[PDB]
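Please model the entire structure based on the sequences and the hints provided.
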Amino acid sequence: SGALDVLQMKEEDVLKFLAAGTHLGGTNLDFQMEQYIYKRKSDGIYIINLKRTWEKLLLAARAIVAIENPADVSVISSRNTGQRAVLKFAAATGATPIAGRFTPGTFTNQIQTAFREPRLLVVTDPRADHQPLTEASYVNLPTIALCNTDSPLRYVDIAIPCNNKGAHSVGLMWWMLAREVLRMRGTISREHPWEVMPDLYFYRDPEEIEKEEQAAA
Amino acid sequence: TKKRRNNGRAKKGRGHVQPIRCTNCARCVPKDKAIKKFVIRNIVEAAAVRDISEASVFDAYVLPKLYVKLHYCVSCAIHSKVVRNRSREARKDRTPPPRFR
Amino acid sequence: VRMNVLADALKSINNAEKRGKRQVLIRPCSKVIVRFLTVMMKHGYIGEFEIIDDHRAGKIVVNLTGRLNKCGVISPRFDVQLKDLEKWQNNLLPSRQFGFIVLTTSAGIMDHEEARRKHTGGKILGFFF
Amino acid sequence: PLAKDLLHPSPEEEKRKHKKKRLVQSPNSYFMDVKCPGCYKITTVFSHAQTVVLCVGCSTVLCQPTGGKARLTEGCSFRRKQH
Amino acid sequence: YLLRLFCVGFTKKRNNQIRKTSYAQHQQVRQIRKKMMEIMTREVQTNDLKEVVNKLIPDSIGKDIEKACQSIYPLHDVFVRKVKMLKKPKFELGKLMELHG
Amino acid sequence: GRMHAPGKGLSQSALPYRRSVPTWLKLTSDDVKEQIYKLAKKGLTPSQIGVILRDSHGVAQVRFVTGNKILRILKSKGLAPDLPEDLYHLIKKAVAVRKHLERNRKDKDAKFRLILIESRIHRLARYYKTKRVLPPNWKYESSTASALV
Amino acid sequence: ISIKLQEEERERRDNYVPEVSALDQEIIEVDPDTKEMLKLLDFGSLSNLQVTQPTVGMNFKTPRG
RNA sequence: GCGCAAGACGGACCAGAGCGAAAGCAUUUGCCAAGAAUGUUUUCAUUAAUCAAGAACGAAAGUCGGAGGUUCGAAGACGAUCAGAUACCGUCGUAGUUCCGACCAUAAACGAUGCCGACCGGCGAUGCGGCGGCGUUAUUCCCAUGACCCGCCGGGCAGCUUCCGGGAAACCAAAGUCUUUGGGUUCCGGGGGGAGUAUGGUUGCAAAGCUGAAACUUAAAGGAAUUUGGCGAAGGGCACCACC
RNA sequence: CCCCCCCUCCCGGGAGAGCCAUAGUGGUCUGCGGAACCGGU
RNA sequence: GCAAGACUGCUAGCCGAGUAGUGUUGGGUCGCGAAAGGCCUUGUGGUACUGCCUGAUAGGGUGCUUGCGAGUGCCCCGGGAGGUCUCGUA
Ligand SMILES: [Zn+2]
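If you read the sequences in order, they're chains A, B, C, D, E, F and G.
Start counting at 1 in the first sequence, then tack on 20, and there's your number in the numbering used here.
Start counting at 1 in the second sequence, then tack on 2, and there's your number in the numbering used here.
Start counting at 1 in the third sequence, then tack on 1441, and there's your number in the numbering used here.
Start counting at 1 in the fourth sequence, then tack on 141, and there's your number in the numbering used here.
Start counting at 1 in the fifth sequence, then tack on 4, and there's your number in the numbering used here.
Start counting at 1 in the sixth sequence, then tack on 51, and there's your number in the numbering used here.
Number -13 in the numbering used here belongs to position 2 of the seventh sequence; there are no gaps in the numbering.
These are computed hints drawn from the structure, not numbers from a lab.
Be careful, since some hints might not be right.
Under the rule of at most 30 Å between Cα atoms (straight-line distance), these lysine-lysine pairs were calculated in the DSS-like manner [what the hints assert, rightly or not]:
hint: 1; chain 1: C; residue 1: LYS1459; chain 2: D; residue 2: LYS145
hint: 2; chain 1: F; residue 1: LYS59; chain 2: B; residue 2: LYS13
hint: 3; chain 1: G; residue 1: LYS(-11); chain 2: A; residue 2: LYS231
Put into structure tokens, the structure is as follows:
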């Protein structure tokens, strides 16, 4: 993550971070996110350190690629902002998605049709989506979280400092996580990046789908 | 069985406050325990406001209001349906009902 | 006020071990505290413990390894005999394979097993297991 | 924090804490010296005076007693001394 | 002519303020009251009844009050709430004619 | 906590660890000793003497420039009074409170504070008797209000 | 329930991409706090980055009562 | 509507705000005295914590002596309510209610939770004092001053949340750090009635306050919470065996 | 004549203590050496 | 003494001049502030508007609007045209 030479951040990833707005936080400050906030700027906004973000992204990607079963990692999304990101991420890597109304009878109830126990769980946000945390507490299941400076941290193994209020930031973070896990698995070689499109994971509001449908052929 | 987080009033560091009097009753309930109301009422609410305005000599004359307040004992307030009881799971809701009109 | 600094120190390190902190703070210091922490580190329940020195009141920083369960203090200052410490260790210690009884003898602050093999005894400080 | 190291933190950590909660025990007030703009003799004064003090030569009063640090007379040059 | 002038004052909430309390200490109120009494007794003891009334038809005493008292704590609403007369001099006619012209 | 107040406080001096003479200060012991002599014959209590020295002359403390404190110097000369300063101030405060309560009859809390400061005077009197600085026949009463003012 | 056909506005929408990536903006709006953040990580200065004035007005934290 | 006179009280401003040991305390002004917290590189140096003897203060009501007693109002007087009210209701109404003295020391005087000291998490607020830092306001430039905002420090009433932990549970950041049982110390209780009773002592002019039994009966008396009750409890819906 | 008027749109002339600037324009800061040290008047 | 740089208030050609007058928070180098008279190259290019009002093109009060809320509109003088701006009406 930071012990080697090639694993450090590239030059355009900083540009993508500053374009997507992955540096500004909320208004308050939690007592577990104190080691990721460096200094409080004006307008009541706290700044996360981007080196810490890239480092924990590398650690989480290593933890994801550590298992040898690609269909045993599960991703969870609840709100309507990040929906296509986890779906196309599971299409690319091989994960299993649950987007929209995570049913509580999955990891505990062993007679239901929707009964699948995973090895790693990746949540979009603990505060907005806390039901898989409580059910992951009842079985041997670690969690991966994309947490903000105002999101409480509980039952979290690896925490990713994030700005999870904009869809572009979450989509670009998912894009870099997918890029890192496919480079670490051995599909895309490290010497050449596959950066063809980061807008595969970008979500837009229902105005822009009609606008782009009328603009395109 | 203890009922509430507090003792049911606004006494927390004093011991004794001045007593007040109810309006429809005459109970000597303390001030920090009773129920207050800052009601605003016009002289004419919606009955004959146009009849009052068209009978006014002065052009562009606005009717005044009546800024008076009343004090209620607890039995008097619950008999007049001012306060209402609720359940235990929502009993820790100090927030007032919303105002629209 | 404070009149038993050793009981407060042992209660503080017990509470901080039960929560799971690694480095703790003790506001007083004395001879009895530093010899008790050396016999702690010699029998192997803590790690490298530090001490700050000033001209007013020293403080002690203690490293933890989690190898302790509970560490209490006999108050008030009782006295025992050689035909008496077995009665204490039967009704106080959780077992005889572990758990130590410390006591102040003529040779200094020391635990009960080498007091048994050296055949001397005296006032009792505290206990830990 | 779990393994919070209380041996040597950043000096901002001892700055924000109290004067007695600091692990190395030292106060916050200091000594200072300040002169009169129309004089030669310069004298030293503590940061919290608690009595009114005038400069030597009985020319013009220098400090004023406040609840906190003593406020200085307007138009006076000073610098903090340390050792 | 002996009068008894009353005054009232309410403090001003700033537009930048977030705290909803906005009270003042007792010595602040004491010094404000001392300044208010001195300013109010200065403008009456120097002139007759007609001149201080002609100064009282607009808000000149009040304009002096929010001119001079905003340096200690900003206040916005001061009216002369009541002026009470106690004693009058010997009754005559030239004063009565000269107040009418 | 305090020994009559309900609350607990934390407000006192705090000397630093550095036990050394300040290098920037150039002062001997004889000049500051005769300054103690002059400010003691001017008629002031040793707490105010320490205050005025650390206010004007820039001294950290006398113990860091000598080997002894103020009252030991004053008893070495002999200009230290036979009554301690804190006990003198407490007796003066009790005399003032009793003088006020002579003319103000119905004042319960002032009488209670009089009882509290008499308890303080009694505790300091027993301490000063058992540490052999005052003779055992000494005893404080109301009629001694003009005796030890 | 899922629908077999509703005239192309289905899950095939999560396949296309705009030709402009909406990330290669020529001017980057960066506060000087973020400039001193990024001056010590991998870069020291960028030509495509414009240092803006710190927009410090009156305050923040609007009240709700 | 205008004057005179007496007594009582200080609304709205007044808040989960302040002060005091508690009972308690709100018109301005003038005088005396005391005190928490804050700050301190000032002074004495173990002066410390809790307390049987003994002591101070102590809401209302109660008794003894006065000027004077608006209004309200025990006991009482007169009518309606009621099968029956000497109760609820209305009109009068003595002692009292306010002040100066002289007394008993009783309340749900309850936070129904003793005092001191150490420790174990967070969040955002208010009050005091101190401190650092953008920008506005007291004729447009500086300074500290009052106020506005952003953070820090100490004490106090606190609020929200927390599988820290505790508890029979209500609930508690103490009611925690407890069978893994020991920090110091004062008062205080062993099923429920008899009974805070009789006697004796004690204080008191006066009511009573403190101390405080025995015989006999009794297998339950009690605390928490759940399930449909049952409410001259609240809020919804239905029925011509209900109505229009 | 819809008018005593009055109002709106289109087009010009005058003061200002807004920005990039000009002539008389007053101070602060940014480096270099006072041959080199120890005291008295 | 050298080397030049970043910032800085007033005046409209200059002296008069920061000058009378002007301010209550307190002083300071203290804001705003003409002149009369005299003397000289004989006196600034691009760039927005202006509800009376106390202190400016700022701060701080504070409107008219379809009756209800809002986008536009609102300094002195002159010329032409018109005489019911709009978005939904608890
Ligand atoms: Zn009532």
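Outcome of the hint check:
For the given pair, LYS1459 (chain C) sits about 16 Å from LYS145 (chain D) by alpha-carbon distance, which is consistent with the 30 Å threshold. Between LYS59 (chain F) and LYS13 (chain B) the CA atoms are separated by roughly 23 Å; this keeps the pair inside 30 Å, and the hint holds. Annotation: proposed proximity of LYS(-11) (chain G) to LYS231 (chain A) holds, straight-line Cα distance about 24 Å (limit 30 Å).
Violated hints are absent here; each numbered hint is respected by the structure.
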